[PDB]
Amino acid sequence: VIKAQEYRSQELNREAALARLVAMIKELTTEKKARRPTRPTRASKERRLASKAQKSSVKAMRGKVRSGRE
Amino acid sequence: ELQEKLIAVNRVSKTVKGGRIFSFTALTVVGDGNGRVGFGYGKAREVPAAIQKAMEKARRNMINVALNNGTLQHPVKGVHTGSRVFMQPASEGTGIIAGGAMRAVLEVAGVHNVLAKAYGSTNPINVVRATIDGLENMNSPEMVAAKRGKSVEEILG
Numbered sequence: 071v072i073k074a075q076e077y078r079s080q081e082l083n084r085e086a087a088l089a090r091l092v093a094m095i096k097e098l099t100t101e102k103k104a105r106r107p108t109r110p111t112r113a114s115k116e117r118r119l120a121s122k123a124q125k126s127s128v129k130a131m132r133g134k135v136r137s138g139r140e
Numbered sequence: 010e011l012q013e014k015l016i017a018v019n020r021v022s023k024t025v026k027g028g029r030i031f032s033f034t035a036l037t038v039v040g041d042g043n044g045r046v047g048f049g050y051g052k053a054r055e056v057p058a059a060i061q062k063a064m065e066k067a068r069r070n071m072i073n074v075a076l077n078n079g080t081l082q083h084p085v086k087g088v089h090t091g092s093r094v095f096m097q098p099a100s101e102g103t104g105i106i107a108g109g110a111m112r113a114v115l116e117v118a119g120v121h122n123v124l125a126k127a128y129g130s131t132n133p134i135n136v137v138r139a140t141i142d143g144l145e146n147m148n149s150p151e152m153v154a155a156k157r158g159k160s161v162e163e164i165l166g
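Each protein sequence line maps, in turn, to chains A and B.
Residue numbers for the first sequence follow UniProt numbering, beginning at 71 and rising by one.
Residue numbers for the second sequence follow UniProt numbering, beginning at 10 and rising by one.
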């Protein structure tokens, strides 16, 4: 439903109502693009694994030492 | 003869310009089990040598203890470097209720009956020094009746 009264003569109002209809059908028929959700970077994956290995390398020599002598 | 109980081993580091330097710091409490007791800290680059070197200082750093019947003489506190330790004489059955790094020093000092506790920080070196502090500043009825010129019957009642 369009109520075009922004102009004076019916030619202007008819072209204007057709313009509003064209515009609003265009706008209500354009769809947003589908957001492709990214995965983490391989650089970040290897950074993660390297941090893992570093904290593990520390914790290895950390803590209680084993022995076989008395 | 001579109980030489290890207590702890720790892997210490030095972080020299090329890389870390891993050492090992033993800790060994030695003693006859009748009043003789000492502790040697000891550190070296390999655990056998570290333990041996710790035993060396533990031996040459012995102290006496005037203990009664294999138990303490009176409840004693042993504060040292933020590690407070409350030890208490017990009766002929209770064994040795001591924490970590304190069971060893008590068993080797020879106190068979004791009730202990380790307040504050429970770092082995600190609790060892603390327990030995306590077992050293302890009073025996002989010593007390000697300080106060008094008979033992007079001191003990």
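Just so you know, the hints here were simulated from the structure itself, not pulled from any lab data.
Careful: at least some of the hints might be erroneous.
As the list claims (entries may be wrong) - 16 Å max Cα-Cα, derived EDC-like pairs, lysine to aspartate or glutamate:
#1 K14(B) / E116(B)
#2 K126(B) / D142(B)
#3 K62(B) / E140(A)
#4 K66(B) / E101(B)
#5 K14(B) / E101(A)
What the hints assert, rightly or not - Label-pair ranges, simulated between beta-carbon atoms:
#6 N77(B) / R132(A): 49 to 55 Å
#7 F31(B) / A123(A): 17 to 23 Å
#8 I72(B) / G133(A): 51 to 57 Å
#9 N148(B) / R132(A): 40 to 46 Å
#10 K129(A) / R54(B): 19 to 25 Å
#11 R118(A) / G79(B): 55 to 61 Å
#12 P84(B) / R139(A): 19 to 25 Å
C-beta atoms are modelled at their ideal positions from N, C-alpha and C, and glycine is treated no differently.
Worksheet item: Hey, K14(B) versus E101(A), does the alpha-carbon distance stay inside 16 Å?
Response: Given that 16 Å is the threshold and the Cα spacing comes to 79 Å, the pair is violated.
Quick one: are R118(A) and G79(B) within 55 to 61 Å, going by C-beta? Because 58 Å falls inside the window, the suggested range holds.
Item to check | Hinted pair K62(B) and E140(A), Cα distance within 16 Å | outcome: Between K62(B) and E140(A) the Cα gap is close to 13 Å, so the pair holds against 16 Å.
Practice task
Quickly compare the C-alpha distance for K66(B) and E101(B) to 16 Å and report which way the hint goes.
Solution key: violated (32 Å)
For this session: Given the range 51 to 57 Å, decide if the beta-carbon distance of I72(B) to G133(A) lies inside it.
Result: Violated, since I72(B) and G133(A) (Cβ atoms, about 32 Å apart) do not stay within the stated range.
- Item | Outcome for the supplied range 17 to 23 Å, where the beta carbon pair is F31(B) and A123(A) | At roughly 19 Å between Cβ atoms, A123(A) and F31(B) fall inside 17 to 23 Å, so the hint holds.
When you check the alpha-carbon spacing of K14(B) and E116(B), does it fall within 16 Å? holds (9 Å)
CB of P84(B) to CB of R139(A), is that within 19 to 25 Å? Violated, at about 37 Å.
Just tell me: holds or violated, for the beta carbon distance of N148(B) and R132(A) against 40 to 46 Å?
The hinted range 40 to 46 Å holds for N148(B) and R132(A), with Cβ atoms some 43 Å apart.
Return holds or violated for the Cβ distance of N77(B) and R132(A) against the range 49 to 55 Å. violated (43 Å)
Status of the given 19 to 25 Å range, CB of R54(B) versus CB of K129(A)
Between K129(A) and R54(B), where Cβ atoms are some 22 Å apart, the hint holds.
Would the hint linking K126(B) and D142(B) be met if the CA-CA limit is 16 Å? At roughly 15 Å apart (the allowed maximum being 16 Å), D142(B) and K126(B) satisfy the hint.
Figure legend: structure checked against the earlier numbered hints; hints not met, in rising order: 4, 5, 6, 8, 12.
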